[PDB]
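Given chain A, put chain B in place with the hints provided.
Protein chains: 2
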Amino acid sequence: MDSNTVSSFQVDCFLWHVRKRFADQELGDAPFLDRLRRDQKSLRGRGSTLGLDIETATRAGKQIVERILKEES
Amino acid sequence: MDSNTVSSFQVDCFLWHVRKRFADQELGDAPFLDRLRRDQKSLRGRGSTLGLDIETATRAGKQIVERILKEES
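Chains as they are written, first to last, in my numbering: chain A, 92 to 164; chain B, 92 to 164.
Hints listed in this document are in silico derivations from the structure and should not be mistaken for laboratory results. It is possible that some hints are incorrect.
Note that identical chains are pooled: a pair holds if it fits in a single copy or bridges any two copies.
Okay, derived cross-link-like pairs now, DSS-like style, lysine-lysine, Cα gap no bigger than 30 Å in a straight line [what the hints assert, rightly or not]: (1) 132 - 161; (2) 161 - 111; (3) 153 - 111; (4) 132 - 111; (5) 153 - 132.
Chain A on its own, in the form it takes in the complex:
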C-alpha cells in the first residue's frame, strides 16, 4: 500500500488548483499558460495510474496542507 506517494499527489492536486485559480483570474504573464498546458495532462495522467479523482484530491489535500502546518508545532 502507497501512503506517501498518495499524499504527494493530493498536495500537488491542491497546489495545481492554487495555480489554475491564478491562471483563470489572469494573474501572472502569458508564459504561465504555456507552463500550465504541458503539466495539466501530466498531473491528470498521473491520476489514472494511482486511481484518484483530481477534483476530490484537490479538496482532501486542501485539509492535508491547512491542518499539516497547524500540526508542525
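Same frame as chain A, now just chain B:
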C-alpha cells in the same frame, strides 16, 4: 514596471516553501528531493534577475495567496 511577473514569482516562492516544509518533514518518497534540487537553484537564480529576497518573497506572497482566495467572491 513589472507587477504580474513579480506576483507569479512571490506565489512560486510561497508554493516552493509549502514543498520545502513537505521535504524537511520527510513527506512523500525519495524522487521529491531529486525534483527539489533541480528547481531550487532555478527559483533562487530567477530571484537574482527581478531582484527580490526569496525568504521575504515567500512571506508577502503568503498574504497574496490567503487574501486573493477570500477576495475572489
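Quick rundown of the hints versus the structure:
Taking CA atoms no more than 30 Å apart as the test, residue 132 paired with residue 161 passes between copies only; the shortest distance there is 28 Å, against 32 Å inside one copy. When the C-alpha separation of residue 161 and residue 111 is checked against a cutoff of 30 Å, the pair qualifies both within a copy, at 25 Å, and between copies, at 16 Å. Taking CA atoms no more than 30 Å apart as the test, residue 153 paired with residue 111 passes in both settings, with 14 Å inside one copy and 17 Å between copies. For the identical chains of this complex, residue 132 and residue 111 are neighbours both inside a copy (13 Å) and across copies (24 Å), given an alpha-carbon limit of 30 Å.
Taking the shortest alpha-carbon separations for residue 153 and residue 132, both the intra-copy value of 21 Å and the inter-copy value of 27 Å come in at or below 30 Å.
Checked against the numbered hints above, the structure breaks none of them.
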